[PDB]
Amino acid sequence: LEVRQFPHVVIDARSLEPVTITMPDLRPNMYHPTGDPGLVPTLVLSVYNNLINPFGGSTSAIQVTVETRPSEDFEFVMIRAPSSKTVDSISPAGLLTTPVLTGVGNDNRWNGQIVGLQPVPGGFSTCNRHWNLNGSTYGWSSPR
Amino acid sequence: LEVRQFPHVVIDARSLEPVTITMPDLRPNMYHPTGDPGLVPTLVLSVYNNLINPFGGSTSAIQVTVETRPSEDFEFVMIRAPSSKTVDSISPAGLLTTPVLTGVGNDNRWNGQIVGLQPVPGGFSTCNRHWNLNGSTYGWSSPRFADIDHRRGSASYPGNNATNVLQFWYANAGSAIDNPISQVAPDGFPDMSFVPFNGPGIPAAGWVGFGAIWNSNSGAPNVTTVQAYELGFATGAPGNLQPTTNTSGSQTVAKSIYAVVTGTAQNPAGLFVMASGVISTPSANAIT
Amino acid sequence: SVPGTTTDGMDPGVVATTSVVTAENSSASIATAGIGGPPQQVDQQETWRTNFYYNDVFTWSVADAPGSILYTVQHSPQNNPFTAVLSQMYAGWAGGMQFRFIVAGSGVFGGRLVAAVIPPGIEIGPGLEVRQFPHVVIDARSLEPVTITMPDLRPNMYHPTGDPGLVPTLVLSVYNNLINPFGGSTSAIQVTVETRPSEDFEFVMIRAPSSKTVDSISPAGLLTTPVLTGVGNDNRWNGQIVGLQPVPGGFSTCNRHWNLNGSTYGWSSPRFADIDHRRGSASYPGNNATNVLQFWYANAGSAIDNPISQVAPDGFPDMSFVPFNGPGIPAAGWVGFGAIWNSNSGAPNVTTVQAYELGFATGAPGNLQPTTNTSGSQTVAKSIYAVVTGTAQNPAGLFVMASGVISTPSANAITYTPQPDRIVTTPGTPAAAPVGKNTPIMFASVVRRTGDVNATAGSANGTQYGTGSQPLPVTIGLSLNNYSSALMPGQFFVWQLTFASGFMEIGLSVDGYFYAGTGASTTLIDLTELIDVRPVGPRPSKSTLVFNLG
Amino acid sequence: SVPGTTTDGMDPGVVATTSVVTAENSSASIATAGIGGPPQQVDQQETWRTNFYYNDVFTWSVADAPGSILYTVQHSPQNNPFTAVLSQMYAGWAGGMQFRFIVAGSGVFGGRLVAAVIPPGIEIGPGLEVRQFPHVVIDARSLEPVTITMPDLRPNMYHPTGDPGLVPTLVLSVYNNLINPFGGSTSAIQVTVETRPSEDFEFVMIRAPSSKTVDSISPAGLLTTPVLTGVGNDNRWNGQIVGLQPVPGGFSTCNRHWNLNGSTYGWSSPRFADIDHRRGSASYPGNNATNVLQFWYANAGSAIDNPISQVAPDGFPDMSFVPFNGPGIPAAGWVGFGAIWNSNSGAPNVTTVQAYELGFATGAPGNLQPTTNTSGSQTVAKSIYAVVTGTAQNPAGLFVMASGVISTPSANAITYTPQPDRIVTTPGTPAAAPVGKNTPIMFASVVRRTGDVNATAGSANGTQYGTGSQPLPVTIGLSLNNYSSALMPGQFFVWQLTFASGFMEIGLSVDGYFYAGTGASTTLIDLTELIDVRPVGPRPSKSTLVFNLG
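Protein chains in written order, with PDB author numbering: chain A, 148 to 291; chain C, 148 to 435; chain C', 21 to 570; chain B, 21 to 570. A prime marks a further copy of an entry chain.
Hints are computed from structural coordinates only; laboratory data are not their basis. Please note that a few of the clues may not be correct.
As the list claims (entries may be wrong) - Derived SDA-like pairs (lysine to any residue); straight-line CA-CA distance at most 20 Å:
no.: 1; chain 1: A; residue 1: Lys232; chain 2: C; residue 2: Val187
no.: 2; chain 1: B; residue 1: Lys457; chain 2: B; residue 2: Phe344
no.: 3; chain 1: B; residue 1: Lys232; chain 2: B; residue 2: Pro146
no.: 4; chain 1: A; residue 1: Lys232; chain 2: C; residue 2: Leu190
no.: 5; chain 1: C; residue 1: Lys232; chain 2: B; residue 2: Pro146
no.: 6; chain 1: B; residue 1: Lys232; chain 2: A; residue 2: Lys232
no.: 7; chain 1: C'; residue 1: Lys232; chain 2: C'; residue 2: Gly182
Hey, can you work out the whole structure from these sequences and the hints?
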């Protein structure tokens, strides 16, 4: 995909005022039902010119913050009960909160409070109570 | 699904005049094609308030009847030939008709008249001759009852003397180049595990069909080695026979249930069994 | 300006009138079809009402004499593909139906057609002088299409959907002989009929579609496209129908053969179940019981096994017994794997199973002879390979499986085994006789033999064919529903089978036999390039069905 | 006052709307398509949208029966050349398209052509009856052109160029048989389809030029000019494609054969690198290990290192083994220079480097027979020449280069190798069959031989033509791109190859094979005078491709 020949906007790394693009709702439907919205436009941020740092190493990354606001023609239709839900992953964000690390919560080898995290170069392997993101694990010892 | 938190209409059980409500065509498409309509609204009649009979007794049920009628805005849009995609491709309504379930239609395992519905509360799974709504099977049979015919499966007989000997035949699954669909087993092979049996003992609850053994070099079936052969699946052929469910690593295995004078020991030999089958029972009494 | 070379789908062309089409007929038709209520589906701007949709095509060659009828359609709502669908929800119909004829001839051709509306009650066939009716003559050099209206000349108030009654007929016979003034192999043109309901056509009263359905009002859906390609079997062998075998001498089939009156004259249900008989005698010849041939017999008329007829038990083949003795394999016989059970217990005996040829004979204890008639004959079974020992019990029983194979002395294939000279028939069945150039056919199928198990279609040893009179879905649908008010005697119900190269037609008699028009040809039809099967309706019996495979 | 013989580019001729070109359809199409923003390229004075431009010319034979599809096109911007140029410039379209038909026939011809607009939900194939839709009928004697406008019927707001969804399809099939009343060599006329966008056509969004989409790109770019007469090899050996030979009856290659939907049935990814195996037993006949032949064999299923399928190692050649014994070299086969190598970090053995013949055997090491199928078999390899040493270790393997030659004893004229009855098949393969008059073809190459080192295309006896299935640049272009929606199945994507004296057409069906209208001929067609190749588009299987050769 070659974003530089679409109708685009250019965002400098050292810009003060933030750059605004507008995403129209180019759809082959009349609306998008929540749950099966169909074909939607995508918004792609490509690199126009690669990031240069004249200092050298140290800082080699720049955070860019995306902000969002509805346009004039945005609307909702066909009110439903709030008990119906579509996004059921717990995005996988809710499974690790703040008191998990500064309070309750424990390990896969002992029933002991987590107070450290220790990096290991080269890698390691653990599969006893280590579940993957899918609905399976490789081994015995259900987590209890 | 909380029906009462939508825009809703409450209907009393003491209502006398009928109440009608219109379905709007809440669609994302321009129109609904006949074959693939798309996303459509749904209409639900759930209990708002619990039905009470103030007497108490066995007469605690009433009935609601739904009738239907197209609205003032209903239409069909473009005409097409009825010899196009027919009623048997747009909805599976005509697969189960009234003469099918009474006295004409058979089942996909036994080719006998469907005379009942057997509930399976523990659940089951069927692979052979079972088609889904996607028009694809995972089994090894066409949708008919044809013969089982396999080339170059080994045959043998136990012992040395060939008087009243039980014929044995086996071939590994995955090697039967007989079907255009899948090659775990040849066409018409039953999906039944082999219950082992030795000597003059009739096996219990097994697919048994009349069969024979033909030489691969000529195609001629041999004269004397026909019998009622139980057809099935096993795991270990030369040693102890055991039942199996999985096809990967197992082998299609056939063995006659009555005594046959002599028998072929040819390794590229072939097996020919008929389409329908009967039930192997040790006694005359029926079983489950 | 619109040139006459291109035609619109709503364009009638030149509206040629006939004296049967009057204003008095139309006014009477509405004023007397008003007893059905208000007219239904009479919106004049509907696309199915205004457009001409395909009905038929037919060939007019220079070898057709004047007076020879090329086209014949009955007045029906099954002519149009859309009034055939709308008649599923209405219990009657009344009114007319226009027919547009497009003659694809150049200006160098000559000769003329003629188009008369025959009133009901008149026999349609050879000898019908079309040119002495009120008629319309159509040139072969005609460029604009010509349309003529069928009036609804009926004695009833309206036509019920199931039983319409007496309807007019429309014939396109040769007025003047077609001439190509050059002479050569390009001596044929084609005329296409399309159809469209008239301004006075209507349906009268509504009814539930879950009433008498499409499988009871016309036998159009008995022969569908997947039935004749790779799904439907035959009524004799339970194998895939892979061909059409013409029988120029004619045949007759009794068992598992249903007519359009929903009745059979044979002794089998419309399925392939086991043969099971109680108290038929069994014996073995000689005294020693080593390598002995098992014999079984029971008199016809005594098998209390069926709710239909008791000449033979269910699933018994209608094949004459070819006699055989010793270690000699019989030729062209129904042989199926069987056994013998004692009647006092029901237990099948251990060793007496074999490939038993099943059939009919006349004299059991002496010399065996073949037979055709069932009255005075007896159902007789005998194994074809040697069986150690064997039952001699007189109240004994016989159990054979449903399907069968072919008894062949060698591995080489032979002709189709149910020849008409050996088919067991009860007294009283009709015979499939040729009617003009049309000849009866039997639906062939690849049936394997005892000389070669691996014999399939295209095998280098030679294919073995087994023929049955009807397809199994056709005789299954014929036993549940009635088509007495769908085809008068002297008529066929014709389907159009189109192939990858040409096309051909088969027709269903009142007596239940199928008829392809091939003359004295006996070549088997390939039936592997069959792509389309569609119905065209009732046609006269003494009309040659079109047949050109290329 | 134009006479009608001369037509302008901007002249529609006579406009024939069937029933689907309605005004409120255009009003509901124009107002809906503003979901893409303002409409683009909407100016009805521009010469690209006011003139009719060539799309595709086709023939109409006297052998075409009624109902045979001659020209079918799905609704697309690719039916017009300038709309197909702007289709890579824009990211969606909405609107109808006028199709203008010019019939090159004199006044002495006869026969008609039906033309219908099929609704978008209708599957188009064998069972589609075109003449039961609202249609128009066009005579072969049409002097003025006939314009049929296909409107944009859609269940979508607009059609994305990546996922258009459901589009209507204009089908122009045979209405009546074309008659030339003359016989002779003249049996076909030509109809040319011009195309012009309608007054409601529009593009919507921009996108980058030739931005790759969800839609499969049309495979007109994978077959170019230098493939036939320059670079480009075949699937089995690395040799230049010098000609084509049509095999009558069909064949089945599934080693390096990729379907148009990107997937393989079989092993051996398309690269002639090497063949390697690690597990397999080696043996030798005779009591003396001197001047013997090494005998390697292993079962089918031991190719653990193969990342596609386990049935064969990477690069194993797909032919049945021809058995031989003694000093006489066998007829044909695949020989390749190789060596043994032992496992457990073992070097290949110094004293045994010889030409080994590869193949699939059954019953090794006893009675070796050819086998048709890859399943239920075992890979084998034995040398044709004499080696003074032999190994008998149970762990052993091969190291053979991936390109081979054919060993023949006398090599005077021989026979092209491999035969269609010799090629083994990975099981469950779809088989190429000749449909219509179109037969499958095969790409031949000059292959060296062991009998004569100088296998040059010249004098001193004729050459040996090793035959491979599809060109390897085409396999390269098909192994990465998925073309499941590039063409609707039942057709083939046809091109136009022009020689120095004639031209012929070949098509590429969904199975990956090539079909040409050569008929029943086994003549080797030489690619020496080929000049240029021009793409055409999709064309149905019943349309006979031309075979105009000098």
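Next pair to validate is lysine 232 of chain C' with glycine 182 of chain C'; report whether the Cα-Cα distance is within 20 Å.
Given pair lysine 232 of chain C', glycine 182 of chain C' holds - Cα atoms ~8 Å apart, limit 20 Å.
Distance restraint between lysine 232 of chain A and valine 187 of chain C, which requires alpha-carbon spacing of 20 Å or less
18 Å, holds
For the pair we were handed, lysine 457 of chain B and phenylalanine 344 of chain B, check the Cα-Cα distance against 20 Å.
Roughly 40 Å between the alpha carbons, so the hint for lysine 457 of chain B and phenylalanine 344 of chain B is violated.
Does the structure keep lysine 232 of chain B and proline 146 of chain B at a Cα separation of 20 Å or less?
33 Å, violated
Pairwise hint evaluation, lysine 232 of chain A against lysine 232 of chain B, where the allowed Cα distance is 20 Å at most:
This hinted pair is violated, its Cα atoms lying about 35 Å apart.
Straight-line alpha-carbon gap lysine 232 of chain C to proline 146 of chain B, limit 20 Å
11 Å, holds
Between the alpha carbons of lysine 232 of chain A and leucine 190 of chain C, is the straight-line distance 20 Å or under?
With Cα atoms ~19 Å apart, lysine 232 of chain A and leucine 190 of chain C stay inside 20 Å; holds.
Checked against the numbered hints listed earlier, the structure breaks hints 2, 3, 6; every other hint is satisfied.
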